[PDB]
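Novice: Spelled out, the chains give:
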Amino acid sequence: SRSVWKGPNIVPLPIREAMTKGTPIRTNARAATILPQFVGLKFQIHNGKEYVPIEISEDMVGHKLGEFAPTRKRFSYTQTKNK
Amino acid sequence: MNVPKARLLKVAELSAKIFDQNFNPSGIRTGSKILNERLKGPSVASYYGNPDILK
Amino acid sequence: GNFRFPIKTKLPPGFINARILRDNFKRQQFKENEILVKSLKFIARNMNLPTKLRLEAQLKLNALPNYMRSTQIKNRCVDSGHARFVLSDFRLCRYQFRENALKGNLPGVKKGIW
Amino acid sequence: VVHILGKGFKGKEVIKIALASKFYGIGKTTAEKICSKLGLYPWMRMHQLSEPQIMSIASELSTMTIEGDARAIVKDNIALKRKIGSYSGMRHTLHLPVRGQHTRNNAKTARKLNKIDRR
Amino acid sequence: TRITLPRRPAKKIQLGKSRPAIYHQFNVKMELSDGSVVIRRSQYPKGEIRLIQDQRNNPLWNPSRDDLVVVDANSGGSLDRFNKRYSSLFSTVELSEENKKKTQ
Amino acid sequence: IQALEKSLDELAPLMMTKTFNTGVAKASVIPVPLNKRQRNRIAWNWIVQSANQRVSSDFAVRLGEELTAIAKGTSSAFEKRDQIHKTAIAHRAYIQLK
RNA sequence: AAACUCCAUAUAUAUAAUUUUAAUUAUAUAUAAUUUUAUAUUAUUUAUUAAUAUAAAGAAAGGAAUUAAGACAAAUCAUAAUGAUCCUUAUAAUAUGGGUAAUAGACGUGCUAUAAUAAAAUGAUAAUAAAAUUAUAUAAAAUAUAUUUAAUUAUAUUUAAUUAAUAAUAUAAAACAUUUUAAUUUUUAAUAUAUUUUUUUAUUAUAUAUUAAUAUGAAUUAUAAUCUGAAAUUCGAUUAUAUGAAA
Ligand SMILES: [Mg+2]
Ligand SMILES: [Mg+2]
Ligand SMILES: [Mg+2]
Ligand SMILES: [Mg+2]
Ligand SMILES: [Mg+2]
Ligand SMILES: [Mg+2]
Ligand SMILES: [Mg+2]
Ligand SMILES: [Mg+2]
Ligand SMILES: [Mg+2]
Ligand SMILES: [Mg+2]
Ligand SMILES: [Mg+2]
Ligand SMILES: [Mg+2]
Ligand SMILES: [Mg+2]
Ligand SMILES: [Mg+2]
Ligand SMILES: [Mg+2]
Ligand SMILES: [Mg+2]
Ligand SMILES: [Mg+2]
Ligand SMILES: [Mg+2]
Ligand SMILES: [Mg+2]
Ligand SMILES: [Mg+2]
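Chains as they are written, first to last, in the deposited numbering: chain S, 9 to 91; chain X, 1 to 55; chain N, 2 to 115; chain M, 2 to 120; chain VV, 20 to 110, 122 to 134; chain G, 150 to 247.
Calculated from the structure, these hints are not laboratory results.
Cβ atoms here follow ideal geometry from the backbone N, Cα and C, with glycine treated the same way.
No false leads were slipped in.
Derived, one-sided and incomplete: chain X residues facing chain N with beta-carbon distance under 8 Å:
(1) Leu35
(2) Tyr47
(3) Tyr48
Only pairs whose alpha carbons sit at most 30 Å apart, straight line, appear in this in silico BS3-like list of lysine-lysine:
(4) X:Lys40 with N:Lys11
(5) N:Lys75 with X:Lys33
(6) G:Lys167 with G:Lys247
(7) VV:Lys131 with N:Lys39
(8) VV:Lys103 with N:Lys42
(9) M:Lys116 with M:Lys84
(10) VV:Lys132 with S:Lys50
(11) N:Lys39 with X:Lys33
From chain M, some residues computed to sit far from chain S (all C-beta separations above 10 Å):
(12) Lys13
(13) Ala19
(14) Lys29
(15) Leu41
(16) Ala59
(17) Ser60
(18) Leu62
(19) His96
Construct the complete structure from the given sequences, taking the supplied hints into account.
Specialist: Written out as C-alpha cells, the structure reads:
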C-alpha cells in the first residue's frame with residue numbers, strides 16, 4: 009500500500025471531454041487511483057491485448073484501474089490428455 | 001532524565017545554529033534527505049569508458 | 002539520419018550491442034537531468050508547500066520519459082553485454098571476470114586458495 | 002466450568018488467555034484490557050470468578066464487536082470485493098490465493114479455505 | 020431429485036367459513052428526503068423510516084431543480100475512506127490540472 | 150559413580166548374537182563379544198528407555214529414579230540381558246576359531 | 001603420481017616512539033617433519049626387515065588448489081566469437097501495457113512445525129568470536145510515534161565520526177541463573193495444619209470427556225499504517241489489531 013502522506017497516484021487523463029461530451033477514457037494507466045471525481049465516467053482499461061470497458065462506481069473509488077481489467081483468463085485443463 | 005525538556009531543546013537548537021544544522025523539533029517530514037543525497041550521475045554515466053578512444 | 006534515440010549520443014569504445022546502447026543512453030540522460038528529478042521529488046513530497054505545487058510536481062515527474070529514471074539503469078558486462086552476475090568491482094560478467102582474471106588482465110585478482 | 006456468553010471454560014485456565022482464545026475478535030491485548038478494567042489480577046483463574054464478576058465480564062465484553070459482528074465485517078468486506086468486480090474478489094470466488102502467491106505449486110489451504118462465505 | 024416439502028391433509032374450509040385475509044399492518048410514517056412525510060400501511064414493525072435517496076433527490080424526477088443534493092449508499096468507498104485518509108490534498123480547480131492528455 | 154559402574158557391568162551383556170549372511174541355508178547367527186563401550190551403550194539404552202516410563206517432567210529426576218531402582222536390582226532391563234545370553238547359549242556350537 | 005605452491009602451525013630476526021593498540025597484534029625473510037631414536041614380540045629373503053607394543057626427543061595434527069590420454073557426436077551458437085544456411089519495410093530498431101508470477105495432476109530440492117534430554121520473558125561496571133563492508137556510502141547518539149515510567153520492536157525526525165589496524169555496519173547468539181509452560185486432578189484457592197515456609201499435610205470446590213491441536217504450531221484472510229521507487233492491480237518488503245488450516 010502506498011504511503012498516505014505521498015498523496016494518491018495521479019495521471020493525466022482526458023477527464024474534461026468525458027465529463028461534458030461523455031467520451032469514454034481509453035488509458036494504459038492501470039496504476040492510476042480512481043479519484044472520487046471519476047464516478048459515473050466510462051473508462052476503457054488496457055489488459056495487454058484489449059481495452060476492457062467499465063464505468064466507475066462509488067465503491068470502486070480509491071482502488072486502481074487495473075484491478076478490474078484482468079490480464080490472463082481462467083486456467084482450464086483438457087481432461088482428455090491422451091498420448 | 002531529570003533535566004526539563006525545555007533546557008535540552010534550548011541546547012539543541014543553539015547547537016544547530018552554531019553548526020549549520022537543521023532543527024526540526026516536531027519531527028515533521030521536511031524532505032531534507034531528498035536534497036542532501038549525493039549526485040551519482042557522473043559515476044553512472046562513465047560506466048562504459050571514454051567514448052573518445054583512438055580508433 | 003534515423004538515430005534510434007531522441008538525443009544523438011556518442012558510442013561506447015569497447016563492445017557494443019543494441020542493449021548496451023540503450024543502457025548507455027539511459028545513463029547519460031539520467032545524469033543530465035537528475036537535479037531536475039531531485040528538485041521535483043522534493044516539491045511533490047513537501048507538505049509545507051501548497052498542494053497545487055505538489056500536484057504539478059507529481060504530474061511532471063510522472064511525465065518524464067523512461068530514459069531519465071535511475072531505476073531503469075541496469076549494470077551490464079562491458080566486454081560481452083550480458084546482464085547477469087555482473088560484478089561491480091570490475092563491471093565484468095561471470096565467466097568474463099574468470100577468463101580475464103586467469104589472463105591476468107585484472108590488476109590484482111588471483112586464483113582463490115585457502 | 003464457567004460459562005460466559007455461552008462459551009465453556011475450564012476452571013484452571015487464566016482469564017486473559019481463555020478470553021482471548023474462545024471469543025472471535027478479542028486477542029491478547031483486548032483480553033488484558035478487559036481484565037484490568039474490571040480489576041482481576043493478571044493471573045486469576047476461572048474458578049475464582051464470582052457471579053457478579055462473570056456478569057461484568059459478559060456485560061463489558063458485549064459492548065464491543067462480538068464474534069458474529071466481526072465475522073459479518075469480514076464477510077461484508079469479501080462481498081464488497083466481489084460485487085465491485087475486483088481481481089481480489091475473483092480469487093475469493095475461485096478459491097485461489099489473494100495476496101499474490103504462486104499457484105503453480107502449493108495453494109492448497111487457499112482452495113480449502115478461501116470462499117465468498119469465509120468464516 | 021426435486022426439493023419439495025410433503026403436503027399435509029388440507030383442512031376443509033367448508034362453504035360459508037371463508038374468512039378474508041387481514042394481515043397485521045402498522046400505520047408507518049415514511050420520511051422522504053425533504054420534510055415530506057407519507058403514511059404507509061406496512062407489515063414490518065417500526066413506525067418511521069428515512070429515505071436517504073428518493074424521488075426528491077433524483078434528477079430524472081426533478082428536471083427543473085437547479086440545486087439538487089446527491090447522496091448514495093454508505094457502505095465504503097469515496098465518502099467513507101478516500102476523504103478522511105486524504106484530507107490534505109484539496110481542489122474543481124485541481125481537476126483542471128489533469129483535465130486533458132492533449133493526445134490525438 | 151561406582152553404583153552406576155556396577156549397574157552397567159551387571160546389566161550389560163557380555164556377548165550378543167550378530168546374524169551374518171554366511172550360510173546359504175540360513176544366516177549364521179554366531180555370538181560375538183562386545184568391548185566395554187559397546188556394553189555400556191546397550192545398558193544405557195535399556196535404562197534410558199525404562200526411565201522414560203515415569204511421570205515426572207524432568208528426565209534428570211526420572212533417570213535418577215531408574216538408576217536408584219537398578220541399584221537395588223529392581224527393573225525389567227535384566228530380563229533382556231538374560232534373553233540375549235540364553236540366545237547366545239542357544240547358539241553354542243556355531244562359534245569358530247576362524 | 002609424489003614434491004615444490006597456498007591457508008593454518010612452532011620458533012628466530014626485523015618494523016611499530018604500544019594514542020590507528022592489540023605487542024595476547026599485524027606482515028616481511030628464514031628454519032622445521034613426507035618426524036627421529038631405542039627396545040621387545042611377531043612372520044620373513046634373518047635384521048644385509050616388515051607390523052605390534054613400549055620408551056623418549058619433539059609444538060608437530062590438518063585443509064585448499066592441481067582431476068592426465070581417451071570416451072560419452074555428453075552441455076553450451078542465450079557469456080563471447082566464427083563457418084554454412086536463412087530475414088533485409090523485417091526474423092533488424094523504439095515506446096506504452098501485459099507475460100516470464102497462469103494451476104487439474106505429478107516431480108527434485110529446501111524452510112517452518114507437530115512441547116517438558118524443550119519452547120517463551122528477563123539478565124546495563126552490558127559473559128565470550130571470527131571473517132568481511134563503508135566516494136554509485138556506512139550511517140551512530142539523541143528525539144516523536146505506536147506506548148504505560150522505562151526498556152525491547154518497527155518507522156519518522158538529524159546526520160556524529162569514518163572513505164578506515166582510527167569511526168559505523170555491531171553490546172554476537174546459543175551457553176548459563178531466574179520465572180512460566182496445556183495435555184496434567186501432576187493444577188489452583190477456602191479454611192486449618194507446621195521443624196519442607198518460594199513449601200508439606202487433612203476436608204470441600206476445582207466436570208463432561210478421549211485419541212485427542214495447546215497458552216504447540218503460523219498457513220489462509222479482513223483492516224490501518226510504513227519503506228524503496230516516477231509507478232507496489234496483475235506483482236515487492238515490513239509493523240499493528242483480528243484470523244488461528246494441516247500437522
Ligand atoms: Mg535494477
Ligand atoms: Mg480470539
Ligand atoms: Mg597493547
Ligand atoms: Mg600433485
Ligand atoms: Mg582426462
Ligand atoms: Mg579406460
Ligand atoms: Mg547431442
Ligand atoms: Mg538457441
Ligand atoms: Mg552471439
Ligand atoms: Mg522486432
Ligand atoms: Mg521463472
Ligand atoms: Mg541444486
Ligand atoms: Mg516447544
Ligand atoms: Mg576482528
Ligand atoms: Mg583478520
Ligand atoms: Mg539509534
Ligand atoms: Mg550480552
Ligand atoms: Mg487434526
Ligand atoms: Mg502461539
Ligand atoms: Mg499477527
